[PDB]
Each structure stands twice: as structure tokens, then as C-alpha cells.
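*Asks:* The lines below spell out each chain.
Number of protein chains: 4
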Amino acid sequence: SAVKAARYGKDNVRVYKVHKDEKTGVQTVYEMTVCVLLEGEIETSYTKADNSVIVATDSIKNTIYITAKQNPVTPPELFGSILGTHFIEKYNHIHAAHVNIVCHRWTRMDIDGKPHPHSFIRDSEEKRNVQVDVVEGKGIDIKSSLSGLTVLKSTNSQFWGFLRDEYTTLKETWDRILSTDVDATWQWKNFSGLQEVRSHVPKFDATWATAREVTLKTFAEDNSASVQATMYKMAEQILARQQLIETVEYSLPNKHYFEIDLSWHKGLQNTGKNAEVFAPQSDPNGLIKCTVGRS
Amino acid sequence: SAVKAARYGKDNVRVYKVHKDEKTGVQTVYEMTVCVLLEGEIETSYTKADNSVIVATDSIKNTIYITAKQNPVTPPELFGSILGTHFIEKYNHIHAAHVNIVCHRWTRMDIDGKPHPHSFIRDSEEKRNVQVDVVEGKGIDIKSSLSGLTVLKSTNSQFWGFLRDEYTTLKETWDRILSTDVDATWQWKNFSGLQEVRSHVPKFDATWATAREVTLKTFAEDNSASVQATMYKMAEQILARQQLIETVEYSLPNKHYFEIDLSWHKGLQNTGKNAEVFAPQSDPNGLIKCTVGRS
Amino acid sequence: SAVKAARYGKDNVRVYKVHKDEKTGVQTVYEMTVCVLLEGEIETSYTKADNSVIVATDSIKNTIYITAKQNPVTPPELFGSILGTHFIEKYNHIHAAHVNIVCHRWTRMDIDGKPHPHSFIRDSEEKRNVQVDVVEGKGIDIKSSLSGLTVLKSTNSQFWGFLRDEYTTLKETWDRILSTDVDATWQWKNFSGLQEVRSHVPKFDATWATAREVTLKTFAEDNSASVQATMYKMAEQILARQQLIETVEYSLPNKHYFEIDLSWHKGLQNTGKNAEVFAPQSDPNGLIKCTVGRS
Amino acid sequence: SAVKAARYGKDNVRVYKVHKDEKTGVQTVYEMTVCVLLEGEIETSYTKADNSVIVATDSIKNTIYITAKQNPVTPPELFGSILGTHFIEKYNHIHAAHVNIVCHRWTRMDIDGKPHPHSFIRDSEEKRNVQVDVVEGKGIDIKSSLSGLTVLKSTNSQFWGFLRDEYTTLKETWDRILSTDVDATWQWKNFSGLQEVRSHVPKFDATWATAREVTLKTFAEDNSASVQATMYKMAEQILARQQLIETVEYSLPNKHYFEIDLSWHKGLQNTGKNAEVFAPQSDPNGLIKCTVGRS
Ligand SMILES: O=c1[nH]c(=O)c2[nH]c(=O)[nH]c2[nH]1
Ligand SMILES: O=c1[nH]c(=O)c2[nH]c(=O)[nH]c2[nH]1
Ligand SMILES: O=c1[nH]c(=O)c2[nH]c(=O)[nH]c2[nH]1
Ligand SMILES: O=c1[nH]c(=O)c2[nH]c(=O)[nH]c2[nH]1
Ligand code: NA
Ligand code: NA
Ligand code: NA
Ligand code: NA
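First to last, the sequence lines map onto chains X, W, F and G.
Following the UniProt record's numbering, the numbering of the first sequence begins with 2 at its first residue and continues without gaps.
Following the UniProt record's numbering, the numbering of the second sequence begins with 2 at its first residue and continues without gaps.
Following the UniProt record's numbering, the numbering of the third sequence begins with 2 at its first residue and continues without gaps.
Following the UniProt record's numbering, the numbering of the fourth sequence begins with 2 at its first residue and continues without gaps.
By construction, these hints were calculated from the structure, which means they are not laboratory data.
For each residue, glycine too, the CB sits at the ideal point set by N, CA and C.
Errors might be hidden in some of the hints.
Unchecked claim - Restricting the straight-line Cα-Cα distance to at most 16 Å, the calculated cross-link-like pairs of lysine to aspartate or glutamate (EDC-like) are: (1) W:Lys5 / W:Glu42; (2) X:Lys49 / G:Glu277; (3) W:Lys290 / W:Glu222; (4) G:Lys267 / W:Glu167; (5) W:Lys274 / X:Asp22; (6) F:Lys49 / W:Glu237; (7) F:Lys218 / G:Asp113; (8) G:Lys256 / W:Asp284; (9) X:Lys5 / G:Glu247; (10) X:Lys18 / W:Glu277; (11) W:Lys139 / W:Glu90; (12) X:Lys256 / X:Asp184; (13) F:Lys144 / F:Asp206; (14) G:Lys190 / G:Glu250; (15) X:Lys172 / X:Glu260.
Stated by the list, open to error - Which chain F residues face chain G? A few, computed with CB under 10 Å, are given here: (16) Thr34; (17) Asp124; (18) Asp142; (19) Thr151; (20) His266; (21) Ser283.
As the list claims (entries may be wrong) - Across the chosen pairs, the derived CB separations fall in these ranges: (22) W:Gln243 / X:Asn72: 46 to 54 Å; (23) X:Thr174 / F:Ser283: 18 to 26 Å; (24) W:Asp206 / F:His20: 51 to 59 Å; (25) X:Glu167 / G:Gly26: 34 to 42 Å; (26) G:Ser148 / X:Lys115: 48 to 56 Å; (27) G:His94 / F:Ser283: 29 to 37 Å.
With these hints in hand, go ahead and build the complete structure from the sequences.
*Replies:* Right under this line is the structure:
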């Protein structure tokens with residue numbers, strides 16, 4: 002036997018950073034969960050108990066905090082690129098660094114209609130994420146995403162015209178609820194290294210904003226023929242709006258809301274046009290995925 | 002042996018309701034998780050296999066949906082009171098109904114700066130809850146609450162002057178982070194029945210709004226001497242603002258953010274006044290509780 | 002306004018302890034999650050920013066570790082009693098200590114059919130818990146419990162003879178699945194203090210063993226008329242077997258497994274007597290509770 | 002823009018099946034969570050609202066239940082292969098089926114030392130899983146795994162000799178706790194189709210048993226130089242014991258248990274050789290991965 006692949010490091014490293022403006026008193030906070038996994042010439046740590054090649058995961062943890070102290074932690078695409086570059090540059094025998102960052106929301110509070118200088122609210126579990134793969138001699142591959150964006154529309158979703166055979170019981174519908182948890186990823190063209198990433202820094206926040214805007218507006222406004230068709234429209238527009246993106250991925254559950262037939266009780270009418278009370282279903286759920294690239 | 006207490010019913014009943022305005026096209030959604038547990042002369046179902054006294058929990062489930070079809074589901078204090086009253090009135094041998102409702106957020110989307118008529122976003126896992134105890138001959142006892150309201154302030158929290166003895170290692174501080182998950186409950190004076198609850202319907206939404214407003218503003222503005230002192234100020238104000246409340250309860254974790262001493266690395270200064278990067282601690286956590294009544 | 006109730010302390014304190022036998026090499030591990038909340042003359046910490054009365058929760062944490070170092074952590078009823086007694090004895094102004102302990106399973110591994118001296122497996126998320134309330138001048142009140150014990154029986158559960166009215170759709174059945182998560186609590190007669198608790202130490206492990214044995218055997222062997230009737234039989238027997246228990250509480254969800262009618266597909270028969278494939282339902286669920294005392 | 006990849010189906014489909022022996026009365030239960038995602042000529046459902054190419058996910062759900070009714074659900078490798086083969090054979094335009102199965106534990110109860118014929122206990126959240134990828138013209142690729150196997154050893158783990166530089170604070174140790182959650186995957190050589198899978202049916206349960214046995218024994222007996230070195234030994238042995246496996250993957254967190262220095266309190270000695278009470282750390286955690294193939 003032989004090692005075919007190996008990567009190791011520290012997961013679930015929680016990180017907070019504050020920025021304080023001396024002149025204005027305005028503080029700004031960032032909170033993240035970081036994972037760094039390293040690859041390189043480390044196979045003998047597995048096969049020969051040779052720990053000399055191990056950069057201890059405890060030290061990877063320390064390095065995450067130190068890097069956050071000495072560099073901007075925003076946008077996360079930049080921070081991850083700086084962090085991953087560090088490991089491959091500092092250690093000759095380490096040839097890739099895999100940096101995953103989950104950014105947690107801390108939105109500034111409005112109190113009596115004015116922004117407060119140092120108080121924040123977690124306005125949802127929606128996350129902004131990056132996957133930054135820094136590979137020696139092969140640049141920096143970045144995937145950016147938003148996840149946990151939970152939405153519902155109460156009409157203007159349809160699903161009819163699907164295949165019907167001996168396995169089919171679902172009725173066609175021209176008016177249903179659609180609810181999902183949006184997982185949307187935009188994959189950047191390869192960067193040659195940290196310099197190139199830095200040359201594009203403003204595009205990271207702007208493209209996240211575009212992705213979120215397009216997601217929400219398309220969801221709200223598309224009289225949806227299916228989850229498939231709606232998600233494709235989102236992907237199309239994001240590609241049109243940022244040429245440095247190569248592909249857009251969506252992964253969307255269809256979180257079903259079932260009608261409840263109550264006609265058995267006093268002839269109560271709660272289906273079709275008269276549907277007002279529904280049963281949200283925890284499981285099962287449709288799962289719809291696609292990756293959209295340029296023609 | 003003998004039954005000293007008994008209650009039974011259906012938990013985790015998920016409920017959605019939509020309201021559609023024919024004239025304007027504007028739809029409004031509500032989503033809840035409901036639990037109903039009944040008490041009464043049911044001890045023989047436990048001791049003598051006498052199921053004749055059981056209102057099947059499946060039927061309790063049906064009744065929840067039917068009640069939601071035939072009545073407003075907002076404010077949840079009203080809906081729970083209607084639902085609980087039903088069981089004690091319909092079944093001679095049922096003498097109490099315990100109704101717990103968790104309301105989930107579906108906030109109307111703003112698209113290109115205008116409210117959308119049928120699309121919604123879950124802007125956090127913060128919940129609005131009620132516990133409605135309907136007891137035959139003893140009226141309706143309601144506890145209202147908000148929970149899962151997660152906040153952080155990056156300065157203007159202190160903790161000094163606490164007891165110090167041979168078990169103490171914590172350093173006094175005049176500037177720390179404070180973060181919590183707010184669980185705040187306001188307990189209504191007893192209502193004699195459904196009529197009295199109905200006479201106060203507008204006060205339920207208004208008092209929830211007050212509780213949330215007071216929580217956030219006091220958290221943001223109090224240069225906090227401790228969690229104890231800050232939460233008490235919140236409770237005080239809520240009691241002052243709604244005379245039909247008898248008590249206010251807060252349950253607040255102190256979700257610690259620890260400084261990280263990095264001076265071991267190149268003499269990096271990241272403590273005290275120079276603290277910028279912190280380690281959020283998942284556990285343990287302080288837990289601070291109080292119930293405030295009127296003097 | 003005035004403080005009507007107050008308690009504060011440290012939650013989610015994770016604790017491991019190892020015992021090593023020098024003579025045999027056999028090591029034994031214990032792992033717990035501890036919560037300690039204190040009451041006493043502490044109201045001025047809430048109303049007057051008077052932190053002098055606060056035993057810092059950080060110090061409560063330290064004390065938990067120190068107490069675990071200097072005393073047995075098993076049985077948890079004893080450990081909690083020692084810990085709670087400490088706070089009320091050490092601090093004149095603290096008059097109650099509320100100690101909650103969740104014990105996590107670490108079962109010794111059997112390797113090639115012999116017990117291993119220092120390797121363990123978590124053979125489920127089933128917990129053994131205590132709630133120890135140490136109240137100055139009022140002794141020690143202990144509730145012991147097992148929770149997260151998940152079981153299923155595939156036949157010999159029935160449910161028929163329940164009330165039927167205009168809200169009822171459930172069919173009577175003489176053969177169904179029953180699955181639950183057992184939450185069982187036994188409440189000890191008040192102890193006057195730590196000495197009395199110590200006088201009964203062997204009864205704590207034995208009564209937990211009895212409770213678990215009775216639960217499992219009664220679940221397996223009772224041709225159940227309902228959840229109500231089966232749980233009562235468990236409670237009865239536990240009371241019969243330990244006179245120092247005053248009451249037994251069960252809280253049992255009915256985790257439904259629904260038949261699936263497949264006759265629409267090639268006339269496939271999968272109901273009643275021919276039922277083989279079922280749909281486990283995540284929600285809703287029945288919830289059945291009772292407290293049983295002595296006649 | 003254009004679809005570069007697409008797959009869709011039903012996730013979180015809960016399935017129970019019972020087998021009843023008429024002659025002996027002995028019943029046996031299986032419970033799973035199933036996900037099926039399909040690929041094929043379905044791009045027009047995304048780009049042209051062409052639902053005619055969609056096998057509705059609701060129908061995929063039905064098919065899962067029907068397949069479970071008409072076939073053995075054990076071993077899960079076989080069931081998944083039957084299920085995936087169905088979709089690619091039944092639908093000309095569907096060319097791959099991705100079947101993920103999580104098997105939940107229902108272990109027969111022993112009551113008064115004899116196996117009970119129809120009562121079961123969930124003896125942990127450890128899962129047995131399969132990922133079965135059925136690809137038209139490319140056979141059946143199966144990955145089998147065990148996950149959620151949580152273990153601890155209280156000594157005979159070491160970690161010394163690792164790289165030390167200006168980022169390192171971790172002390173070398175010759176005696177520490179090691180605890181992990183085992184995620185172990187064995188990847189089968191490609192099968193040409195369902196016939197070939199069937200020809201190997203007994204090897205699936207046997208190889209899972211071997212993987213679990215080797216994991217536990219190696220964990221218990223290896224005086225571990227590191228997580229890396231121990232996991233490699235497990236992988237080596239599994240490959241040696243089943244020639245139809247091509248690779249073995251392990252993914253192991255190092256769930257840290259920290260010493261607690263209590264010498265500040267009455268000179269209490271709880272480190273090194275005197276370490277008895279530790280603080281389990283929820284986060285961060287090491288994460289160690291490798292894929293082992295044959296030389
Ligand atoms: O938008 C949908 N897409 C599907 O593929 C599908 N399948 C299904 O059952 N309902 C839906 N809805
Ligand atoms: O506000 C606080 N209250 C306490 O009771 C306490 N105890 C502690 O350790 N830190 C804090 N902070
Ligand atoms: O054992 C049961 N008890 C009930 O109270 C009940 N109600 C119900 O719908 N099914 C069951 N089953
Ligand atoms: O077995 C270990 N491997 C590592 O890579 C590592 N890194 C670390 O900090 N502790 C450990 N332990
Ligand atoms: Na390198
Ligand atoms: Na009544
Ligand atoms: Na005292
Ligand atoms: Na095909």
C-alpha cells in the first residue's frame with residue numbers, strides 16, 4: 002500500500018476581528034470559522050511515523066490568528082488567499098493550502114433610526130463563504146458562495162408538463178408555494194497568485210452583492226416553471242454581470258408545503274383556490290442542482 | 002401507585018397560513034410550530050388501558066389545522082387562546098389545554114426598493130413564541146416571548162468589582178465584548194377567558210414590539226456593569242410600558258470572546274488596548290437569569 | 002420594579018476525568034457536561050450594579066474542575082451534591098446551588114473478546130443525568146434521569162377504542178410500530194444534606210440500572226394498549242423496586258411510522274397484514290407524559 | 002451561457018422495512034435515509050422550461066418505496082445498485098443515477114439474556130453508508146463507509162518530533178488522550194453492472210465488518226505516533242483483507258482534551274503524570290485525511 006492522497010490541518014477555528022476608528026468612534030466587526038488543510042511532501046508522517054514533516058495543526062491555528070492580526074480579514078477571498086499563500090511560501094515541502102472560510106453576519110444595529118457605532122445583530126444564519134485553493138505553481142483557485150438564504154413565495158410557482166408513467170402520482174399544478182434554502186457558488190477564473198487576487202479586490206464584494214441581488218429578484222419575479230428554469234435564469238445573469246467568473250453553481254432544495262384536504266370536516270374547503278392552511282414538510286425534499294458555464 | 006400528573010397531545014405540528022388580498026394582490030404568510038398538550042380526567046388511559054377518554058393526538062393535530070383555517074393565526078396569543086379554549090369547551094372531561102406556539106419569520110422582500118406582494122425571506126432564526134395555558138374555571142394564562150435574538154457589542158461592556166477568593170482567576174476588565182442570545186418573556190395578568198383575551202388583541206403585537214425595541218436599545222446604549230444590571234434595566238422599562246404585564250423574565254448566556262496573547266510571536270501586541278483578534282468560545286458560557294416584578 | 006427571582010452561573014462546562022489503576026493498568030473514564038446556577042442575596046448585582054455579591058461564573062467554572070479533581074465524579078448524584086454543598090457552605094450569602102449534570106457514555110471496548118484497559122466507545126447518545134438542588138436549610142433534592150434512549154418495536158403495539166367525533170380521522174389499529182425516545186426521571190425523597198446522600202451512594206447506580214432494565218423489558222414485552230398504559234407499567238415497577246423514590250416521570254414521543262399504500266402501482270399490497278415498507282415521520286409526533294406517585 | 006452539469010432528484014427520503022419470519026416469529030427491521038439524483042438529457046428543463054424530460058422528484062420518491070417493497074434493502078450496496086439501475090434502464094434519456102444511502106442502527110434487544118423477536122435499540126448514531134453511482138455504459142461505482150463512530154483512548158497516544166518554528170507553541174507529549182469520530186470509506190473496483198454486483202453480495206457485509214474491526218483494534222492497540230500513522234495502519238490492513246477494494250479513505254478529527262493547570266489553587270497538581278481532570282474542547286479540532294491505494 003501507498004498514500005494516494007493526503008491533506009491535514011485545523012478545522013472549526015473561530016475568529017473574530019474588530020476595526021476601531023479612532024477619529025469617529027465607529028467600530029466594525031467580522032466573525033468567521035476557518036479551516037486550513039495542507040498538502041505536500043508529508044506522506045512519511047503516515048507511513049513511517051515521521052512527524053518532522055508535520056506543521057502541527059496547533060501551529061496552523063496560531064498562524065490563522067496571526068495572519069488575521071496582520072492583514073485585512075475582508076473580503077474573505079483576499080484573506081484566504083493571503084493565508085494559503087503563506088503556507089506554501091513559508092514551508093518548502095508544503096505545496097498546497099486549502100482554505101475554507103464561513104463568514105457570519107454581524108449587521109450594525111439601527112437605534113432610534115441612526116446606525117450604532119459598536120452594536121450588531123445577527124440578521125440570519127445566511128453565510129458568505131469562500132473556498133480558496135492555493136497550489137504551488139498553479140496559482141489560486143477561488144470559489145465564492147452564499148448559503149443558508151431561506152426564502153418563500155406564496156404564489157407564482159408552477160409545475161406541470163413533467164413525465165407521467167406508472168410511477169407517477171403527483172398532480173400537475175399551476176399555482177403552488179415555492180420555498181428553498183439558496184446555496185449559490187461563483188467560480189473565479191484561476192489567479193496566478195496573490196498579486197492577481199489583489200488586483201481584483203473590489204470585485205469580490207461587488208460580485209457577492211450581485212449574486213444575492215439577482216437571486217432574490219429572480220426568485221421574487223419569475224413566474225417559475227420549475228426550480229430548474231428559475232435557477233438557470235439566476236446563473237445566466239450572474240455570468241453576464243461578472244466576466245471574471247467562469248461558472249455559477251446552484252444547489253436548491255424544494256422544501257415542500259402540502260395542501261391539507263379538510264373537506265372531511267364539515268365540508269371545509271382548503272384546497273386549490275381555497276387553499277389557505279398548509280403543512281410544511283420537513284422531509285423528503287426535492288434537490289435540484291446545476292452548473293452553468295459560458296457558451 | 003397512582004397518577005399524580007398527566008398531559009398528552011401532539012408536538013411539532015408545522016403550520017403555514019396565507020392571507021390573500023383579492024383587491025390588492027398582496028399576500029401575507031404565517032408559519033408556526035404548534036404543540037398542544039391536554040389534561041383532564043384521563044388517568045384511566047394510563048392505569049386501566051381505557052382509551053375511551055383519549056382525544057387522539059392525531060385528532061388534536063387535525064383540530065390545529067381546522068382552527069387555523071377558521072380563525073386568525075395572528076397574534077399568536079389570540080390563536081393559542083382560541084385553540085386551547087376549544088378543547089376545554091368541546092370535551093367535558095378535558096380541563097386544561099397547554100398551547101405552545103413558535104412563530105417563524107417570513108419578512109416581505111424588498112425588490113428594487115418596493116415591497117413584493119408574495120415573496121418573503123427568513124431574516125433570522127429569531128422566534129416569537131407563546132405559552133398559553135387554558136385551565137377550566139381558571140381562565141387563560143399567557144406567557145409571550147422572543148428568543149434566538151443574537152447580538153454583539155464590541156465595547157461598552159465592563160466587569161469588575163466581583164468577589165475574589167482562592168477560586169478566582171478572572172481578571173477585572175473595563176472594556177470587553179458582550180454577546181448573547183436573548184430569551185425574554187413577559188407574563189400577562191390572568192385573563193378570565195377568551196372574551197378578555199380578545200378585548201386586548203392590539204396589545205399583543207405592540208408589547209412584543211416594545212420588548213424587542215427596549216432589548217435592543219438598552220443593549221446598544223447601556224455601558225454595561227454586568228449582564229445582571231443590563232438585563233434588569235430592560236425588564237424595568239418593559240414593565241413601565243405595559244401595565245397588563247405582571248413579570249418579565251430574561252435568560253441570557255454570556256457568549257465569551259477571549260483575547261489572544263500573540264506576544265510570543267514577534268512581540269505582536271493583541272491584548273488590552275491593542276486587542277483586535279479574538280477567539281469566540283463555544284463553551285462554556287455564563288448563564289444569567291432573572292424574573293422582575295412590580296414593587 | 003423589584004427582583005422576584007434570580008439565578009446565575011456557568012453552563013456547558015465540559016469535564017473529563019480519568020482514573021488509573023497503578024496495579025492493574027486499567028483506566029476508567031468519565032465525561033460530563035455541567036451547569037451550576039446559584040441563588041442568594043444577589044439582587045443588588047441586578048439593581049445597583051453591585052458586583053461584590055457576584056461569585057464570578059468563571060470562578061464557578063474553576064470550582065467545578067477543582068471539585069472534580071478532589072472528589073469522585075461518580076455517581077453523578079453524589080458529585081452534584083458535593084459541588085452544590087460547596088457553594089452554599091463557602092459563601093454565606095449564597096443560599097441555593099442548582100447543579101445539572103449530563104453524563105456521556107464511554108463504554109470500554111472489547112477487542113478480540115477481552116476488555117481493553119484504556120480504549121472506549123460512545124455506544125450512543127443516550128445520557129444519564131442528574132438535577133441536584135442544594136438549598137440552605139432545606140437539604141438536597143435530587144432528580145435522576147435517563148434520556149435519549151431510542152427504541153422501536155415492530156409489532157405488539159395497538160391503539161383502538163379512542164374517542165371518535167367530527168375531528169377524528171385516525172383508523173383504529175391492532176398492530177402498529179411503536180418507536181420512542183425515552184426520557185425517564187426518578188425523584189428521590191429529600192435528603193437532609195450531604196451526609197444523607199453519602200449514606201445511600203450504592204443506590205444511585207442500582208436505581209439507574211433498574212430504571213433502564215424496567216424500561217427496556219416492559220417496552221419489549223408489553224403488548225401495548227397505548228403509550229399511556231405502557232409507560233405507567235414502567236413507572237409502577239420502578240416505584241416498587243426503590244422505596245427511596247417518591248415519583249417517576251416519563252416523557253415519551255410517539256415517533257410515527259406510517260403505512261404506504263402502493264396499490265396504485267401494479268396493485269402492490271403494502272398495507273395491513275402486507276405492510277413491509279413504511280415512511281418514518283419526522284414530525285409531527287405524539288407527546289405523552291405522566292408523573293406517577295405512590296397511592 | 003449553457004448547462005455544464007446538472008443533477009436533480011429527491012433527498013432525505015426516510016425508509017423503514019420489516020421482514021417477518023412466519024415460522025419463527027422473528028422480525029427484523031431496516032431503516033435508511035435515501036437520496037437519488039439523476040443525470041441525463043435534461044438540460045432543456047433548465048434552459049427552455051421543458052418539463053417533459055423531468056422524471057418528477059415525487060416519482061423518484063415513489064420509486065424508492067416501490068423498489069424497497071420488491072427487493073432486499075440489505076446490503077445497502079445491493080439495494081442502491083438495483084435502484085440506480087432501474088432509473089437508467091427505465092428512462093432512455095437518463096444516463097446516470099446517484100444513490101446515497103444512510104443506514105440507521107436498529108440492534109435487536111436482549112431481554113433477560115435472550116434476543117427479543119421484535120424489539121430494537123438504537124445503539125448509537127454510528128451510520129453505515131453507501132454512495133452508488135450507476136452510469137450508463139460505465140457500470141456501477143460503489144463507495145462504502147462507516148461514520149459517526151466515536152472513540153477515545155486515555156493513554157498510548159503520543160505526538161512529538163513535529164516541525165518547530167516561530168509559529169509553534171505546542172509542547173511535545175509522550176502521553177495524551179486521543180478521541181475521534183471515525184469516517185472510513187472503502188472504494189470498490191468498478192462493477193460492469195448489476196449482475197457483477199450481485200456476484201459479490203456476501204462481500205459487502207463482510208468488508209464492512211472487517212473495516213469496523215480493524216478500525217477499533219488498531220485504535221485500541223496502536224501506541225500512536227500521530228493520527229496520520231494510526232489511520233494509515235488501518236487502511237493498510239483493510240486493503241490486505243479485501244482485494245476487490247481499490248482504495249481506503251479516512252477522515253479523522255482530533256477532538257482535543259486539554260490539561261487543566263490547577264496549581265494556582267492550593268498547589269493542586271493536575272498536569273503531566275498527575276493529570277486526571279481535563280477540558281474537552283468543542284473547537285477547534287485537527288482534521289486529518291488520507292486516501293491509501295495499493296503500491
Ligand atoms: O420544480 C420542480 N422540479 C422538479 O423536478 C420536481 N419534481 C417534483 O416532484 N416537484 C418538482 N418541482
Ligand atoms: O456580566 C457578567 N456577569 C457575571 O456574573 C460574570 N461572571 C463572569 O465570570 N463574567 C461575568 N460577566
Ligand atoms: O398510544 C397512543 N396514544 C395516543 O394518545 C395516541 N393518539 C394518537 O393519535 N395515536 C396515539 N397512540
Ligand atoms: O496526531 C496529531 N497530528 C497532527 O498533525 C497534530 N497537529 C497537532 O497540533 N496535534 C496533532 N496531533
Ligand atoms: Na512550498
Ligand atoms: Na372541559
Ligand atoms: Na450560604
Ligand atoms: Na437510460
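*Asks:* All hints, please: hold or fail.
*Replies:* Comparing the hints with the structure gives:
| no. | hint | result |
| --- | --- | --- |
| 1 | W:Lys5 / W:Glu42 | holds, 12 Å |
| 2 | X:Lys49 / G:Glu277 | violated, 31 Å |
| 3 | W:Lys290 / W:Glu222 | violated, 20 Å |
| 4 | G:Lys267 / W:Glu167 | holds, 8 Å |
| 5 | W:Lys274 / X:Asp22 | holds, 13 Å |
| 6 | F:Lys49 / W:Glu237 | holds, 13 Å |
| 7 | F:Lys218 / G:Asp113 | holds, 8 Å |
| 8 | G:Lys256 / W:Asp284 | holds, 14 Å |
| 9 | X:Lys5 / G:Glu247 | holds, 11 Å |
| 10 | X:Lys18 / W:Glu277 | holds, 5 Å |
| 11 | W:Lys139 / W:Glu90 | holds, 13 Å |
| 12 | X:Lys256 / X:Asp184 | holds, 14 Å |
| 13 | F:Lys144 / F:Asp206 | holds, 13 Å |
| 14 | G:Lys190 / G:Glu250 | holds, 14 Å |
| 15 | X:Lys172 / X:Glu260 | holds, 12 Å |
| 16 | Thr34 | holds, 9 Å |
| 17 | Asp124 | holds, 6 Å |
| 18 | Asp142 | violated, 27 Å |
| 19 | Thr151 | holds, 4 Å |
| 20 | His266 | holds, 6 Å |
| 21 | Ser283 | holds, 7 Å |
| 22 | W:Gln243 / X:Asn72: 46 to 54 Å | holds, 49 Å |
| 23 | X:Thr174 / F:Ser283: 18 to 26 Å | holds, 24 Å |
| 24 | W:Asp206 / F:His20: 51 to 59 Å | holds, 57 Å |
| 25 | X:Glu167 / G:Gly26: 34 to 42 Å | holds, 36 Å |
| 26 | G:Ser148 / X:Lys115: 48 to 56 Å | holds, 50 Å |
| 27 | G:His94 / F:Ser283: 29 to 37 Å | holds, 33 Å |
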